[PDB]
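As you look at this complex, bear in mind that one protein chain is not there, while each of the others sits in place.
Just so it is clear, A and B label the chains in written order, and each chain counts residues from 1 on its own.
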Amino acid sequence: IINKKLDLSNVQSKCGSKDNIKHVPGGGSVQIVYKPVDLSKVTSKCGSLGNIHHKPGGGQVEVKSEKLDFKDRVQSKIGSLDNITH
Amino acid sequence: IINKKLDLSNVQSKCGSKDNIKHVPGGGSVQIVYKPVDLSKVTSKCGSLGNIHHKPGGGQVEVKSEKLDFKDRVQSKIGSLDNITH
Partner (left out) sequence: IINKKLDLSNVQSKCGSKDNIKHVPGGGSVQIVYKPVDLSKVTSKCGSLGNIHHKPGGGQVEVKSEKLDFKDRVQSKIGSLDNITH
């Protein structure tokens, strides 16, 4: 037996997975979970008088509330969330 | 037996999966989960007086509320969410 390898790889495995995300407001509330999973391989080669511009966009999340009024009671009653049992 | 490999690969496996995402507001509420799974391989080669511009767009999420009024009670009563049992 001869076993020979060159492992020049890039791996993401089970990344960013099985997140349990809950937002349970009375009111007037923001939850942002920003969770991209990105694998980038970039091999720019630039000779002579060339130019390479490598400027791929990122994620933008904008939430704007200009006016927001609650004129009576904001009320949450929670007995539980998300039960598990075995 | 001779086993020979060159592994020059890029892999994402089980990434960004099985997320449990819940939004249960009374009112006037934003949940953003920004979760792209992106694999990019880019091999720009630029000789002489060439130009390469590599500017693919990113994700944009915009939420705008200009005016929002609740003139009476905003009320959530939750006994549970999302039960599991074995």
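Here is the rule we go by: a residue touches a chain if its C-beta (ideal position, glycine included) is under 8 Å from a C-beta of that chain, and two chains touch if they have at least 3 such contacts.
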| item | value |
| --- | --- |
| Subunit A, residues in touch with the chain not shown (by the definition above) | 1-86 |
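In this text, only the chains that are shown with their structure count from here on.
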| item | value |
| --- | --- |
| Distance between the centres, which are taken as Cα means, of subunit B and subunit A, whole angstrom | 5 |
